[PDB]
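Let's start with one chain on its own, the form solved without this ligand, as C-alpha cells.
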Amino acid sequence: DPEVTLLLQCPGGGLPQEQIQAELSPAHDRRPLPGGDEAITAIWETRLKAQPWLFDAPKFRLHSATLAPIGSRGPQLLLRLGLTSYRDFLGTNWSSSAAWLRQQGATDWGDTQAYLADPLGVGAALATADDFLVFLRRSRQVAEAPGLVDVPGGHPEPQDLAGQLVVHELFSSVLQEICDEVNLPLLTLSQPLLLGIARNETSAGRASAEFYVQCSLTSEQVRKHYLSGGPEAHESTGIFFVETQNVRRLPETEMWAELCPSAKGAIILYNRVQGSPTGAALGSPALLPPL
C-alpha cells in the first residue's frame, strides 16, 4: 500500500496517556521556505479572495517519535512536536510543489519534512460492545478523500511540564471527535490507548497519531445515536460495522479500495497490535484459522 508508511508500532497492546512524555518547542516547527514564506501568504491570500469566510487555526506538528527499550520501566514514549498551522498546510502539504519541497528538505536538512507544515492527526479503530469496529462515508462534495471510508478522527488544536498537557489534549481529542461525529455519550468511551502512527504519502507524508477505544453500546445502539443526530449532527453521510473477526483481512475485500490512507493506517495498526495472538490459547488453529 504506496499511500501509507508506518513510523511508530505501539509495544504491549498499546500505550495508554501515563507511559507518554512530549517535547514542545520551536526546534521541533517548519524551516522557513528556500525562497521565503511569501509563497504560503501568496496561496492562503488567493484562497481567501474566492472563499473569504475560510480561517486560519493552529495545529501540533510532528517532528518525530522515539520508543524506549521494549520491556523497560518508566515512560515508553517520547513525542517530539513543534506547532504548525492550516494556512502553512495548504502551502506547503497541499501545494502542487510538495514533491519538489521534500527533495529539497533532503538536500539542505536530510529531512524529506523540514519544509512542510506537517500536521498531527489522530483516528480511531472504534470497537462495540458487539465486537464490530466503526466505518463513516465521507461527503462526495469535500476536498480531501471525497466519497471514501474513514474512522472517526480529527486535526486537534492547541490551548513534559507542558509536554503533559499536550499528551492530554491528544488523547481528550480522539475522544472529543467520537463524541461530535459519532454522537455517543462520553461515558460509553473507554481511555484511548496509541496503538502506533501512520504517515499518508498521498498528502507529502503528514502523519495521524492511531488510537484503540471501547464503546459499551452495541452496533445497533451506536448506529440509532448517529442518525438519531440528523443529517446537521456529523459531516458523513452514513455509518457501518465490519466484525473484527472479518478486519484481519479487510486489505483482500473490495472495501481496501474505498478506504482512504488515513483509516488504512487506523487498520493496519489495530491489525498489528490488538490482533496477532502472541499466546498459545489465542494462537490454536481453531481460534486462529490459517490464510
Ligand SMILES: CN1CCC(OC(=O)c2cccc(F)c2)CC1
The other form holds:
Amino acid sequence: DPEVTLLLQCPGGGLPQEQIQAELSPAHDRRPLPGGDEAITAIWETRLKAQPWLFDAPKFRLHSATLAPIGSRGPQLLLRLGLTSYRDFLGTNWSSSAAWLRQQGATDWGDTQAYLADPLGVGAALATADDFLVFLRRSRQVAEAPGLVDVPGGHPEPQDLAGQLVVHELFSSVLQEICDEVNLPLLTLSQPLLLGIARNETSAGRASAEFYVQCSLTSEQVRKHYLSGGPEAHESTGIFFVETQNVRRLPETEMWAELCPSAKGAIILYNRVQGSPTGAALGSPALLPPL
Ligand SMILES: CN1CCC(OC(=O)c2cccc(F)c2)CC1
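Give me the form solved in complex with this ligand now, not the form solved without this ligand.
The complete assembly is shown below, putting the previous chain first.
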C-alpha cells in the first residue's frame, strides 16, 4: 500500500486523552518557501478569482509524534504541533510541484516535509453495538478522492499548559465530525482512543490522527439517523457497514481499491491496535481463525 505509511502505532489498545501531551510552538511551523511565500499567494488569488465564495481557515500542523518507552508511567505520547492554513495547504501539498518542494526540503533542512503545510486530519473507526464499522461514500463531484469510500472525520481548526486545550480540541473534534456528518446524538458515543497516525503519500505526506469510537446504537439505528437528516444534512452520498469480523481481511477485497488513503490508514490501525489479540483466550484458533 504505497499511498499510506504509518507514523505512529499506539500501545495498550490505544491512548485516552489524559495520556497525551501537546507542544504547540512556532518552531513546528512550515519553513518559508525558497523563492518566497509569494508562490502560495499567487495560487490563492487565481483560486478566489474563479471561486470567490472560498475562505481560508487556520489548521494544526503535525511536525512529529514521540512515544514514551512502552510500559512506562506518566504521559505516553508527545505531539509536536505548529499552525498552518487551508491556503498554505492549497499552495504546497495540493500543488502540482509538491514533489519538488519535498526534494528541496531534503536538500535544505534534511526534512522532506519542511516546505509543506501538512495540516493534521482526524478520522474514526466507528463501531456499532452489533459489531460493524461505519463507511461513507464521497460525491463523484468533489476535488479530493472523488467517488471513493471514506470513514467519518475532518481537519480541525484552532480555538503542556496551552497543550492540554489542544489535545482536548483534537478528541472533541472527532466526536463533533461524527455528530455533524452521521447525525448521531453525542450521548451515544464513547470517549475516543487514539490508535495512531497515518500519512497520505498521494497528498505529499500529510498526516491524519486515527481514533476508535464505540456507538451504543445498532447499524440499523445509525443508518436511520444518517438518512433522517436528508440530502443536505451530509456531504457524503451514502452510508454502509462492514462486520468487524470481515474488516480483518478488507485489504484482500475489491473494496480496498475504492478506499481513500486516510480511510485505509484508519482500517490498518484498527486491525493492528484493536484487532490482533495478544492473549491465550482471544488468540485460540476457534476465535482467531488461521489465514
Ligand atoms: C461548505 N461550502 C462553503 C465553504 C467551502 O469551503 C471553504 O471555503 C472552507 C471550508 C472549511 C474550511 C476552510 F478552510 C475553507 C466549501 C463549500
